[PDB]
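*Asks:* Following the hints, put chain B in place on chain A, whose structure we already have.
There are 2 protein chains.
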Amino acid sequence: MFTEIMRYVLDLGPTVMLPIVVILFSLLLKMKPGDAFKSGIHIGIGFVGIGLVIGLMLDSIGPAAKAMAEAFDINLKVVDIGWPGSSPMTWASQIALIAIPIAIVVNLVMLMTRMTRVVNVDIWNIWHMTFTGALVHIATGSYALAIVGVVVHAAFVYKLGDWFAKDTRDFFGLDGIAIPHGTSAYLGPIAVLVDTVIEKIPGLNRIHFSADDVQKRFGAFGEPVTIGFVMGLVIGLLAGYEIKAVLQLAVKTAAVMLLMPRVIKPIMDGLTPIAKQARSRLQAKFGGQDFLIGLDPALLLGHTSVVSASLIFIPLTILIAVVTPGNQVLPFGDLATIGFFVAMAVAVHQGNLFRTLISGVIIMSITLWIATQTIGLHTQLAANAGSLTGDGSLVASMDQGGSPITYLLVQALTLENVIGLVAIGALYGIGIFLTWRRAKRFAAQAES
Amino acid sequence: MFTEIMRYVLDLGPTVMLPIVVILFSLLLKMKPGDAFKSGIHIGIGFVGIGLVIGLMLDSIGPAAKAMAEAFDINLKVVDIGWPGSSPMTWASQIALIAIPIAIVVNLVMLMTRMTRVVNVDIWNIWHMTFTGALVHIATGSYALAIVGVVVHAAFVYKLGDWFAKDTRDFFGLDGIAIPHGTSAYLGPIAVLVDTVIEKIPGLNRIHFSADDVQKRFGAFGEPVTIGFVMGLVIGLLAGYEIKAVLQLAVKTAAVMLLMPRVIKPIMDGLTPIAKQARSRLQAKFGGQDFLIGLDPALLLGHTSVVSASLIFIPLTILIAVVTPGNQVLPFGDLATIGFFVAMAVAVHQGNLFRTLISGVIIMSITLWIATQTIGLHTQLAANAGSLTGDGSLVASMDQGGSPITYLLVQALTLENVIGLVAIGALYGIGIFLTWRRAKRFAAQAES
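Protein chains in written order, with my numbering: chain A, 1 to 448; chain B, 1 to 448.
Bound conformation, chain A alone:
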């Protein structure tokens, strides 16, 4: 009966079950029924808006990006599928129904001993941990090792969401909300390492560039919506699209970027009183820092800089896919939502487009190489799920196939590529240590 009720809860959707969870939390906080109902329905309001705008992103950008990818290069054989094609594949795994209870238990345990302050409530993003566990099970061949991998990934994701609280609170303005899930969370340490390296280099640190500089230089034409329209038009032109298609796509890009914050806003409007009462009661009873709430990484698309970088990086990603040595994966699926990769990079760089570009280039190269490395495991997963054609063609993805955590876990658990494991582990360990030191320093400075 547990599997059936878990499947029902999953099928309820983020727009129904999450408002129920928020209402229950508010009721546990001793509020009036009206406030809890309003907060829940507002959160559902924002999430429905997010889903609609993301669907617009997909059906507007996907076709154009894919057409440009075919037009540019044909050397790369393996074709990316991205998160829209990976998440249903992941949900068909045999551990898809136990990963959610395991993650919930580990979150409760880490909250009980005050090792974290992130109360994750988005259970539709647990498929990341499910994917890592499935890959570990496929590679090593042991169920217990897969469970250990899921636990490790969940703990690391929660700790990373805790560490990046300052950037979400300040740069994005999402006060009281933390984002532990998504590709932005675990690609943060690379951006932190790149920022530290650039800061160390004299002369290069003097280069500053932001959308505000663009607006100042170009007058009324530098206003962000104009630059988004221009980027959409350029992407349409590069894809060989017709004039009417180019204009429609550019208008769609400007529209999605303009409407992202308008649909995010109801979530904050509904969650403000909940956070206020939480800080009023739970912080008084227990103590410590603010109790953050985990949410979907789609909330990071509200900032104009994030979506601007997303539009800019599609041709940049396609260019990177040709120059990266030992690369066979052609970015095909998540090019529409490539902003999820470099959102935390933009937040860390505080909108500095030069350092954002450098960090995004390095992140794209690293994730493309990793996705090239993890192909046999991914095609084995595809065969296991049954969503694979009979031609025997390989498959790969970058949203979760190329995550550094999964590659590091698999390499450390089976030791098949020691040189790549050593290199990626050194880079990611330096990034993690740097981001932890930076988070501790920021917390100490804010406290003092």
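Please keep in mind that the hints were generated in silico from the structure rather than gathered at the bench. Be a bit skeptical, because a hint or two may be false.
A pair counts as met if it fits within one copy or between any two copies, since identical chains are not told apart.
Stated by the list, open to error - Okay, derived cross-link-like pairs now, SDA-like style, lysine to any residue, Cα gap no bigger than 25 Å in a straight line: (1) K244 to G13; (2) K265 to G51; (3) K32 to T272; (4) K265 to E223; (5) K200 to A423; (6) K216 to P33; (7) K159 to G288; (8) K265 to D59; (9) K244 to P33; (10) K66 to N327; (11) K265 to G55; (12) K244 to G55; (13) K32 to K216; (14) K440 to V152; (15) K32 to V225; (16) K244 to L97.
*Replies:* Chain B alone, transformed into the frame defined by chain A:
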């Protein structure tokens, strides 16, 4: 040479060609190119948001309303198709590509003679005039009568948009914007007549009921979002939907109602400088009242009362379709957007839900009676367009097939139903005289 360029302009879409028209108008007003481009792109963004929200509303309500209709009654045989099924039928007619130039010419002629002040720019809503012209051509059998029917319909809708300027400016807050198209425009006079009749009878006028009263009565549960959620929930429950589907549908109803004004706002945000400069220059050059701009009737959905009426009236109109004498049309297609019918009724009644309900009942019964009356013409139009199944099943629509103007023109030109012609003509003429007198009185009062 004109046919394919007109087809291309039509296919450009409201999000591309209309911003180009706005930019050209702004340039003719001697603004800087940057501000003109910003206004045009903002209007495009608003229209894209309108399209997205309308698509969500359709995909959320349509199936639910259709299931409601199937579950409730089976006595009615003819199945409505609504505007989504009528617009491709109308645009495939023989007079499809002449109607747009005819409407533009008649608008220019009426503007030059100072007979009207509505500068219609939405060329995608001309399909109402195309529909009435095609119906007249089918009934009478001559091209010239079709042309004169198109001209008469265009002049009537332009004058109706002129007369309802105060309601749009004040009640909906759309300053400088007129709505000559849509079912709301030509179903206004019935609402005006009903309001006058209610005012005449003492005691009935003393009943006042508005959404503000509901909010005051219900405290923390009387907000528009909460009542919309309740209406969605009851619609799902009475339709035989499952619990998850019911909750998702209710959340989607709350979604459309709450997100309507947020996506409505960019249109005014972009159009305000255009109207300001028009008032500064064109009024000084020529004189007279403001030069209003015709747009989509979907803008009336921004008001919360209109959406609330749209949700409540669906079971109401389905019930009305059973008790209406001599009715054979089952409302099936435009149940999703039933709010377009009673928008102007709400505007006339100033949000009085009691008079809104009475006017809506009268309008529903009347328009269903016409929709039953005009069935042979509609199925002949379907056969001409080629979109008719070979089973011989009758077709009928109520958004435009049941509109009073087309029925009145057909009856006046062919004289096939004297009793129906005289009844509908008397009712509509009394409504038109009353609304013209009301508009003249309002203009005189504002001038004084």
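*Asks:* Hints first: check each against the structure and report whether it holds.
*Replies:* How the hints compare with the structure:
1. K244 to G13: between (36 Å within a copy, 9 Å between copies)
2. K265 to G51: both (14 Å within a copy, 20 Å between copies)
3. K32 to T272: within (15 Å within a copy, 41 Å between copies)
4. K265 to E223: both (20 Å within a copy, 18 Å between copies)
5. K200 to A423: Result: close within a single copy only, 21 Å intra versus 87 Å inter.
6. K216 to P33: For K216 and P33, the Cα distance is within 25 Å only across copies (16 Å; inside one copy 48 Å).
7. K159 to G288: Within. Shortest intra-copy distance 16 Å satisfies the 25 Å Cα cut-off; inter-copy 67 Å does not.
8. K265 to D59: Both. Shortest intra-copy (23 Å) and inter-copy (24 Å) distances satisfy the 25 Å Cα cut-off.
9. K244 to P33: Intra 51 Å, inter 22 Å, cutoff 25 Å: inter-copy only.
10. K66 to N327: Answer is within: at 18 Å inside a copy they meet the 25 Å cutoff, but 52 Å across does not.
11. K265 to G55: Answer is both; intra-copy 18 Å and inter-copy 21 Å each pass.
12. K244 to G55: Both. Shortest intra-copy (21 Å) and inter-copy (21 Å) distances satisfy the 25 Å Cα cut-off.
13. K32 to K216: between (48 Å within a copy, 17 Å between copies)
14. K440 to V152: Only inside one copy: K440 and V152 sit 21 Å apart there, 75 Å across copies, limit 25 Å.
15. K32 to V225: between (41 Å within a copy, 17 Å between copies)
16. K244 to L97: between (46 Å within a copy, 19 Å between copies)
When held up to the earlier numbered hints, the structure conflicts with none and fits them all.
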